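> Letter by letter, the chains look like this.
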Amino acid sequence: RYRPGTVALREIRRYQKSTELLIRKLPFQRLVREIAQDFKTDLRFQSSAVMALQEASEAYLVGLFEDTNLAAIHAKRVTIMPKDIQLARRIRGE
Amino acid sequence: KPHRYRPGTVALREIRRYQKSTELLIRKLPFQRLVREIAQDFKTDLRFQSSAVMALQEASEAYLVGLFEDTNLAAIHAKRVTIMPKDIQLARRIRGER
Amino acid sequence: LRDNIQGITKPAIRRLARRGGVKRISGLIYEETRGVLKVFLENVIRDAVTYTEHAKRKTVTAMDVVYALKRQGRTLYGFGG
Amino acid sequence: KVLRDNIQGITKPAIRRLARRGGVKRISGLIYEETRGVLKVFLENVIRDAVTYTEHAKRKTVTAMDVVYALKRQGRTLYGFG
Amino acid sequence: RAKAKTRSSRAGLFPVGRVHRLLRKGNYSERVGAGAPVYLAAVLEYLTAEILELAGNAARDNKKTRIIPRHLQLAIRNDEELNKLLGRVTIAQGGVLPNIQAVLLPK
Amino acid sequence: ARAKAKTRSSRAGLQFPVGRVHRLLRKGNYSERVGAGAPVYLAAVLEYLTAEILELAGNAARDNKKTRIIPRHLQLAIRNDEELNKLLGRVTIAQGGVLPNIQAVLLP
Amino acid sequence: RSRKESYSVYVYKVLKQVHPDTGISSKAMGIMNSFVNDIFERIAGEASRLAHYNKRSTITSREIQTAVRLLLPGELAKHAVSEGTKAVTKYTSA
Amino acid sequence: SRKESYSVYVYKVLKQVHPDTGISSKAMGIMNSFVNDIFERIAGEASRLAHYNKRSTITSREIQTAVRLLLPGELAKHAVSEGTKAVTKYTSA
DNA sequence: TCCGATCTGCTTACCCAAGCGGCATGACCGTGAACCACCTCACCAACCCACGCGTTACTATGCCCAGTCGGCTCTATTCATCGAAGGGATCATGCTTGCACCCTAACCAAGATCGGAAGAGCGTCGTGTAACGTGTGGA
DNA sequence: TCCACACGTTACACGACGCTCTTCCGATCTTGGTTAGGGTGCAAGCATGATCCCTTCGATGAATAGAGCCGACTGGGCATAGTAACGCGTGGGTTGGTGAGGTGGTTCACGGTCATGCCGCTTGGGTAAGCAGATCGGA
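Protein chains in written order, with my numbering: chain D, 109 to 202; chain F, 912 to 1009; chain P, 406 to 486; chain Y, 269 to 350; chain X, 8 to 114; chain U, 11 to 118; chain V, 2 to 95; chain W, 239 to 331.
Think of the hints as simulated: they come from the structure by calculation, not from any bench. Don't take every hint at face value.
Unchecked claim - Taking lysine to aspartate or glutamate and the DMTMM-like style, the derived pairs with C-alpha atoms no more than 25 angstroms apart in a straight line are: (1) 997/F / 925/F; (2) 91/X / 150/D; (3) 475/P / 458/P; (4) 308/Y / 1008/F; (5) 79/V / 42/V; (6) 340/Y / 87/X; (7) 96/U / 320/W; (8) 939/F / 952/F; (9) 253/W / 65/U; (10) 96/U / 242/W; (11) 32/X / 283/W; (12) 148/D / 88/X; (13) 475/P / 447/P; (14) 292/W / 37/X; (15) 133/D / 150/D; (16) 415/P / 142/D; (17) 264/W / 275/W; (18) 990/F / 302/Y; (19) 76/U / 258/W; (20) 340/Y / 925/F; (21) 79/V / 37/X; (22) 340/Y / 47/V; (23) 253/W / 242/W; (24) 241/W / 275/W; (25) 191/D / 458/P; (26) 16/U / 242/W; (27) 91/X / 202/D; (28) 292/W / 47/V; (29) 17/V / 6/V; (30) 253/W / 42/U; (31) 12/X / 47/V; (32) 475/P / 202/D; (33) 292/W / 278/W; (34) 475/P / 42/V; (35) 71/X / 37/X; (36) 315/W / 275/W.
Stated by the list, open to error - A short, non-exhaustive set of chain W residues, derived as facing chain P with CB atoms under 7 angstroms: (37) 267; (38) 268; (39) 271; (40) 272.
Don't be surprised by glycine CBs; every beta carbon is placed ideally from N, CA and C.
Just need the whole structure built from these sequences, with the hints factored in.
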C-alpha cells in the first residue's frame, strides 16, 4: 500500500504527459445544453461547438487549478481549498 | 511621560487618510526624473509634455495601488498582516505578469 | 435536462486538478469548482447564443463559440479558424 | 543632462503612502526594493510603447495621447488626458 | 429647401450627425445605415445619463454642487454594472474607495 | 497581360501570398488605401513567425521520436520559448495538453 | 488654431436634464469625454466585427443592438436596448 | 463555396525548414488559426496607428511599427529585419 | 493574601464641522466664423425573400466494461497553542531638496504650397489554389 | 493493421498586367508656442536614530479527513439505422445608402465678467485611543 501522495504524483505526471480530454463527452454536453436553455429555447448545438466549449472549459479549469495550487503553496499548504480558488479568482480579475 | 500610540493605530489612520484622499502620492520631480532617465534607452534627447509625465505618474500610482491591494489580500490569505515580497510575487504571478 | 451539473463527477475534477499539478485536494473544492465552471459556461454560451441570434440561426456553430471565447480574451486555436 | 540612478527617488515614504492607499497595515522592510523594481519594469514597458508611438509620427516630444495609447495597449485604459 | 431640423431632435435625444460621421470616417464598415447613428447616440446618452446621475448623487452625499473625478470614480465603482463595464479603466485623480480588510481592524 | 504573370510573392522571395494579404487588407476595412509595401511586409512577418513555430515544433516532435507535428508539439514549442509564450499567452491550443511542471514543494 | 470637437456640449445638456442644479469641472468633463469616446469605440468595433463575421457591408440597428447586448452587462444592456429601440422608433415615426 | 486557408503556404514553409517532417490536419488548422490571429492583430494595430496620425494609407511604416508594438523582444527585432529585407527585395524588381 | 481582568477616569492627539476672506473657475453672453449637418435627386448594389437541396443534428436501441460510487483504514496533513525575538512601528531632530515662480533660448509642432510618385479602378486573362480521388506509410 | 496523410488531376476565379485618373507624401519654408535649463527661498517631508511592542516563525501535540484499496454497479461510448430541421446557395426584385451641390444652423474659440463654489485658515467640539487607579471574581 503506497503512502498518501505516492500515487498522487504518478497521476499528476500521467495527466500532464497526456493531452486527452478529462471530462466525459456526454455529461458535459448535457450540462452545456441545460445551461443554454435559459437563453434560447429549442436551441441546437453543433458537435464542433460542444467540443470547443469542452476544450475551453477544461483549459480554464486547469489554469484555475494551477493558480489555486500556487495560492495554497503560498499559504504553507499542499491541500488546495475553496479559499484558494476564491483568492485566485479575485486576483485574476473575476 | 510622552504619549505614544500603540503600533498599528497610526497605520490605520493613514490608511483611512490616504483612501479618503485623491492626490498623487509620489513626489512629482523625482518621478519625472525617473521617467526621463528610463526614456533614455529608447531615444536620445527626448522631450516630454507635462501632461505626458502626469499621465505616466497617474497610471503608475494606480497600478501600484492595485498591486498593493492584491498583495495585501495574498498576505491575509497566508494568515499574516505584514506584506512581504512573496505576496507581491504571487500577486503578479496569478495576475499573469511574470 | 434537469440537474446535469452533477455530471462533472469528483474523478473528473480530480483529473483536472492532477493535470494542473495539484497533489492533495480538499473535499469541499468539488462543489465549489462545479459552480465556478458553470459560471464560466454561463458567460461563454450566452455570448455564443447572442452571436447565433444576430445571424438568424438556430444551430450554435463552432465559430460562434470561438468568437465568444475571443471576446473574453481567451482565444482558442484549432476550431473553425 | 544625463540622468542616472533616479529609481531611488521613489522613496520609502512614497511606497508607504501607496500601500496605505492600497489598504495595507504592516509593511516588510524588504518590499521597497521589490516595489521599485516592479515600478521600473512597468514604466519601462509603458514608456517604450509611448516612444514607439511618438517616433512613428516623426516626433521628438512624447505627448499625453501617446501615453494614453500605450496604456490602452497594455490593457489599462486611462481617463482624464484624452 | 426646408426648415432643416436636426436628427438629434427627430429622435428626441447627443448628436446623431456627428455619430454618423464618426461611424463613416472611422473605417468600421463599407456602408452605415440610418439606424446605427440613432441607436448608438441613444445608447451613449443613456450611459452618460446613468453615470452622471450617480455622480451627482455622490456629490450631493458629499455636499458639493460640482462633479469632480473623485465623484465619478465613486459613482462608477459603487455600482455593479458600471464597475463591470469600466473595471479595466483608470480614472485620473479618482482615488480609491475607503475599504479596509476586517482582519486589520483592532481587536 | 502580354507579359508573363510574375507573382509578387516571387518578387519578394517569400512563400506566403502577398496578393491574398493585400486583398485581405483592402476588403478587411482597415483603411481607405493600403500601400504596395504593406502586404509584402505583413507576409514576410507572418512567414517568419510561422517558420519559427514550425522549427520549434519540429524539434519537439523529433525529441519525442515522432515524424508528424501534432497539436501537443505545437503547445510544447509555444510554451518552451519565452518570446512565443509571451506572445501567445492568452490563447489556448486545442488538444495541446499542459507543460509537465510539478512544484518542488509537493515533491518528497 | 484648429477645431477640437468633443462631447462637452451634449454631456452638459444631459447633466442639466438629470440634475438641473449641479455643475461639472473641466477634469470631470475630460473624463466624461474619454468615457463616451471609449464606449463609442467599443460598440463600433463590436458592430463592425459582427457585420464582418456575417459577410455584411452595413452597420444597421441590429449590429449596434447586438454589440450593446455583448458589451453592456445585465440590466444596463436591457435598459440601453430599450432606449435605443425607443429612439429608433421615434426617428422612423417622423 | 471556395474557402481560403494558409494550408499550402504553411506546408511550404514546413518543407523549407524541416525537409522530412509532416504535419497533422489538426496541427495545420492550429497553424492557420495562429496565422489569421497574428494577421488580424498586426492589421488592427496598423489601422489604429494610421488613424492616430490622421493618415489614410497603411504603408510599410505602419506595419513595421505595429510589428514593433506587438511582437516581444527579439521576435520584434527579427520580424522587422525580415520584413525590411523582403520589402527592399520587392522594390528592386 | 492574591492575581488578572474589568471598569473608570482623566489626558490627549485627531478629525470633522462652521464661519470669513478670497480667489480662481465654470456659465454665459457676445461676436465671429469656420465647419459641417441637413435637403434633394440619381442610382445601383447590397439586401430581402421565396424556393431547393443536401448536410447533419437529434432520437431510439443494445450492450458491456471501464469508469464511478460508496465504505473502511489510517496516517500525513492541518490546525490550535506557546515562547520569543527580532522585525517593524512610532516619534523626535536636522536638514536636503521639491515645490513656487520668472526669463530665456532653443527647439519643435503645426500650417501652406508645389509637384511628383503612388494607389484605386477599369478590362483581359491564364496560372495558382481548392477540391476531389486514391494509394500508402507513420503511429 | 490501419485510417489519416501526401501524391496526382480540373477547373475556375482572382491576382497580375497596362493604362487613366485622382489623391496623398516628401521637400521646403514660415511662425508661434512650449519645454529644458537656470536662478532664488523656504519649509516640509525625508533620512537617521532611540525605544519598544506584538507578529511571525519554529516546536509540539491533538484531531481529522483525505488518500489508498476494494467490492458493487451502471451509464458512456461505440455501432446501427432512421428522419426531418435547417444552413447554404440561387435567382429576381427592391429600397436605401452614397455621392454631389447648396445653404444656413451648430459649435468651437477668444474675452471678459460675474456670481460663486471651494479652499485656506482659525476656532471649537465630538471622539476614540491610551495609561494609571480602584475594584472584583474565583483561587
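> Now tell me if each hint is right for this structure.
Each hint, compared with the structure:
About 24 angstroms separates the Cα atoms of residue 997/F and residue 925/F, which keeps this hinted pair within 25 angstroms; it holds. Proximity of residue 91/X to residue 150/D is assessed by CA-CA distance (about 30 angstroms); at most 25 angstroms being required, the pair is judged violated. Distance restraint check for residue 475/P and residue 458/P: the Cα-Cα separation of roughly 18 angstroms lies within the 25 angstroms cut-off, and the hinted pair is therefore satisfied. A hinted pair counts as satisfied when its Cα atoms are at most 25 angstroms apart, and residue 308/Y with residue 1008/F qualifies at roughly 14 angstroms.
Of the pairs offered as hints, the one joining residue 79/V and residue 42/V holds, with about 20 angstroms between alpha carbons and a cut-off of 25 angstroms not exceeded. For the hint pairing residue 340/Y with residue 87/X, the CA-to-CA distance comes to about 23 angstroms; that is within 25 angstroms, so the pair holds. For the hint linking residue 96/U to residue 320/W, the alpha-carbon distance of about 20 angstroms falls within 25 angstroms, and the restraint holds. Proximity of residue 939/F to residue 952/F is assessed by CA-CA distance (about 21 angstroms); at most 25 angstroms being required, the pair is judged to hold.
This hinted pair checks out: residue 253/W and residue 65/U have alpha carbons roughly 10 angstroms apart, not beyond 25 angstroms. The straight-line distance between the Cα atoms of residue 96/U and residue 242/W is roughly 29 angstroms, outside the 25 angstroms bound, and the hint therefore fails. For a cut-off of 25 angstroms, the pair hint linking residue 32/X to residue 283/W stands: about 17 angstroms separates their Cα positions. Between residue 148/D and residue 88/X the alpha-carbon distance is near 23 angstroms, which keeps this suggested pair within the 25 angstroms criterion.
About 15 angstroms separates the Cα atoms of residue 475/P and residue 447/P, which keeps this hinted pair within 25 angstroms; it holds. At roughly 19 angstroms between alpha-carbon atoms, residue 292/W and residue 37/X fall within 25 angstroms of each other, so this suggested pair holds. Under the criterion of a C-alpha separation no larger than 25 angstroms, the hint pairing residue 133/D with residue 150/D is consistent with the structure, at around 21 angstroms. Distance check on the hinted pair: residue 415/P and residue 142/D sit about 20 angstroms apart at the alpha-carbon level, within 25 angstroms; holds.
A distance of roughly 16 angstroms separates the Cα atoms of residue 264/W and residue 275/W; the hinted pair therefore holds under the 25 angstroms criterion. A threshold of 25 angstroms between alpha carbons decides the hint, and for residue 990/F with residue 302/Y the separation of about 21 angstroms falls inside it, so the pair holds. A hinted pair counts as satisfied when its Cα atoms are at most 25 angstroms apart, and residue 76/U with residue 258/W qualifies at roughly 11 angstroms. For a cut-off of 25 angstroms, the pair hint linking residue 340/Y to residue 925/F is broken: about 32 angstroms separates their Cα positions.
Using a Cα cut-off of 25 angstroms, the hinted pair residue 79/V and residue 37/X is violated, with the two alpha carbons roughly 29 angstroms apart. Between residue 340/Y and residue 47/V the CA atoms are separated by roughly 17 angstroms; this keeps the pair inside 25 angstroms, and the hint holds. At roughly 20 angstroms between alpha-carbon atoms, residue 253/W and residue 242/W fall within 25 angstroms of each other, so this suggested pair holds. Of the pairs offered as hints, the one joining residue 241/W and residue 275/W holds, with about 17 angstroms between alpha carbons and a cut-off of 25 angstroms not exceeded.
Taking the CA atoms of residue 191/D and residue 458/P, the gap is about 38 angstroms. The hint is violated against a cut of 25 angstroms. A C-alpha spacing of about 21 angstroms is found between residue 16/U and residue 242/W, which places the hinted pair at or below 25 angstroms, so the restraint holds. For the hint pairing residue 91/X with residue 202/D, the CA-to-CA distance comes to about 10 angstroms; that is within 25 angstroms, so the pair holds. Using a Cα cut-off of 25 angstroms, the hinted pair residue 292/W and residue 47/V holds, with the two alpha carbons roughly 22 angstroms apart.
A C-alpha spacing of about 20 angstroms is found between residue 17/V and residue 6/V, which places the hinted pair at or below 25 angstroms, so the restraint holds. This hinted pair does not check out: residue 253/W and residue 42/U have alpha carbons roughly 37 angstroms apart, beyond 25 angstroms. A distance of roughly 31 angstroms separates the Cα atoms of residue 12/X and residue 47/V; the hinted pair therefore is violated under the 25 angstroms criterion. The hinted pair formed by residue 475/P and residue 202/D meets the criterion: a straight-line CA distance of about 17 angstroms does not exceed 25 angstroms.
Restraint check for residue 292/W and residue 278/W: satisfied, since their Cα atoms lie roughly 21 angstroms apart, inside the 25 angstroms limit. Distance restraint check for residue 475/P and residue 42/V: the Cα-Cα separation of roughly 18 angstroms lies within the 25 angstroms cut-off, and the hinted pair is therefore satisfied. Taking the CA atoms of residue 71/X and residue 37/X, the gap is about 47 angstroms. The hint is violated against a cut of 25 angstroms. Proposed proximity of residue 315/W and residue 275/W is supported: the alpha carbons are some 20 angstroms apart, at most 25 angstroms.
Interface restraint check: residue 267/W against chain P, minimum CB-CB distance 6 angstroms, threshold 7 angstroms, status holds. Proximity of residue 268/W to chain P holds as hinted, the smallest CB-CB distance being about 5 angstroms (cut-off 7 angstroms). Among the interface hints, the one on residue 271/W holds; its C-beta lies about 4 angstroms from the nearest C-beta in chain P, closer than the 7 angstroms criterion. Interface hint at residue 272/W: satisfied, since its Cβ lies 6 angstroms from the closest Cβ of chain P, which is below the 7 angstroms cut-off.
Hints 2, 10, 20, 21, 25, 30, 31 and 35, counting from the list given before, are not met by this structure.
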